[PDB]
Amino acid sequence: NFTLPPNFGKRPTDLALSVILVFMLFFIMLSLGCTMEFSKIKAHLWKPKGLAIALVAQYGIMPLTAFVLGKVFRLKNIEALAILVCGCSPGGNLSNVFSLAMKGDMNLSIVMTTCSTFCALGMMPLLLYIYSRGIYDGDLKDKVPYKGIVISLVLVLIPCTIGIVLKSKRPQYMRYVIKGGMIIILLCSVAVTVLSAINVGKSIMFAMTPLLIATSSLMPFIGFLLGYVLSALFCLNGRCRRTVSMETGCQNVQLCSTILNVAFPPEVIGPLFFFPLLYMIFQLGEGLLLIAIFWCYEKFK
């Protein structure tokens, strides 16, 4: 009894949103390119101590948390499979923003996200095959976008490199560039919120089951907490710990949405078409809440 509004995915508003998101990505990456340095990235890649910790934390906490949340809340097979697919996904590129708002080591946020989206090529089908047994009796190894992952990695690294060279060579226009980036990001965010609201309409009221909301709100917080705790167990300096926490918590959500749609028909998925959106709107909320808490603490310290 769940059906999306007619002609979903092809109306002009959805095209407007899908074009606005690309400008979001380009200008966010260009702005973040004004913080990183090539020499420090080379140092962080030639002395891998926080990078391995980030990889271990992400790929040993997020999939296991997804599996445990599926087995504890007594979810359906399709819901548990969606959660598990949304767990093994790479770190994504919101971790860079959340580690910028918390005074992290930006150069390492780029090593962990590029390396953990290139290790994803190998470790996403492996973890899916290891964990999906007893849930799905099928092949999910040929539906992972390998070529898409590589192309996305290169296309995401391009604007960051542009920003890095701009900072290194011509710092005269850096202030204007960063101000324009911030204002464009703000405008495109105000655009995205209202455009997504109009696009979704009343069809989201069918995708707010208490189990779905509870799991999609408990997964990112547990990711944050466990990433921070495990990074602190290895006595890191206080900034790498926050970067690791905010890279373990945040996930590349679009991969789950493009895998579920390829594997399953629109009627089997049902309300789970909106679960990636719930994950995004809860991880944004938790990131903002933690940023506010951190800044309130830093004021008093």
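Residue numbers count along the first chain shown, from 1. Here the rigid core means the biggest group of C-alpha atoms that line up within 1.5 Å when the two forms are laid on top of each other. Shifts are known only where both forms have a C-alpha. What changes on going to the form deposited in another entry:
Lining up the core between the two forms shows that one residue from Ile184, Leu127, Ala101, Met106 moves its Cα 2 Å or more, and that residue is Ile184.
In this overlay on the rigid core, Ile158 has a C-alpha that sits less than 2 Å away from its partner position between the two forms.
With a cut-off of 2 Å and the rigid core superposed, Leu225 has a Cα displacement that falls short of the cut-off between the two forms. When the rigid core is held fixed, the Cα atom of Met205 travels 2 angstroms or more between the two forms. Residues present in both forms were compared between the two forms after fitting on the core; consecutive runs of three or more with every C-alpha moved by 2 angstroms or more are 9 to 20, 173 to 195, 202 to 209.
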The other form holds:
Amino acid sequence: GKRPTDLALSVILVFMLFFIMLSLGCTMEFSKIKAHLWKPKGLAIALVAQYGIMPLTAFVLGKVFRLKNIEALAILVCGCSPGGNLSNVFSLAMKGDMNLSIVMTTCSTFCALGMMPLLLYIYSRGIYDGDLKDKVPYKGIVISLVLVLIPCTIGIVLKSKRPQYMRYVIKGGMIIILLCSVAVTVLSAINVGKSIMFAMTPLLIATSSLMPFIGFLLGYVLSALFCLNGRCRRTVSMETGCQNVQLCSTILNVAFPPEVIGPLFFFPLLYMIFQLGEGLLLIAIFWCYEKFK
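Would you mind giving the form deposited in another entry, to go alongside the form deposited in one PDB entry above?
Only a single chain is listed, so you will not see partners or other molecules.
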């Protein structure tokens, strides 16, 4: 929307993501990033699992769970989006390779610009009348890629050249992230309470709950098939289970009139909660295994 609250929420979200990603940049080194780029095994596995089987899984879920055209289209669009920045946080939460995580995120976000319209054209035949090709936000994708890439370089430069300041930088980031998270939560709660509780089909909730768990399991099994270390398996699993929902929300809000988007009003918000809740559950399971094995 064009309300001042929405733009304020977007600004605070951008600040939060910038500071989070700058804080995460510490655990990255240019040598390991270059090595992972030079011989791509986990990157290839992640790209395959992202744009070869996940869209198929979304299509099959739309067919099995009897869903309407708009719900099936929303699930399909969510099954084609890049990983997003939640995968980096999840990959840091468990012991895993972080250089490979940022390589995965950057490569997937860059390949989306050329891979996402083709998948949409292939799969939307029969559930959408028209052309979704030029509704893809190319400018938004490029802006997101730039706003993810810049804090990486800033943090890595700060670590490499001036380690003296980086305790201060970490503490400032950790306080700013908290200060932004509380405000964003308050704004989102205010919007949810003041808006009408639009009804949602229960099958949509079941699909949105099943969808990221399928992603996680697929990523881990695929990484296990080709002999890889535990850290690489975990990081590729977290990137395979995490998807960017703002792109799907933008496409949905630009491709449908307001009177048709009723059933899908809370879908982007609900999808984010499910992968956050299921992502944290797997983090607890892994940590409990390590201590009490």
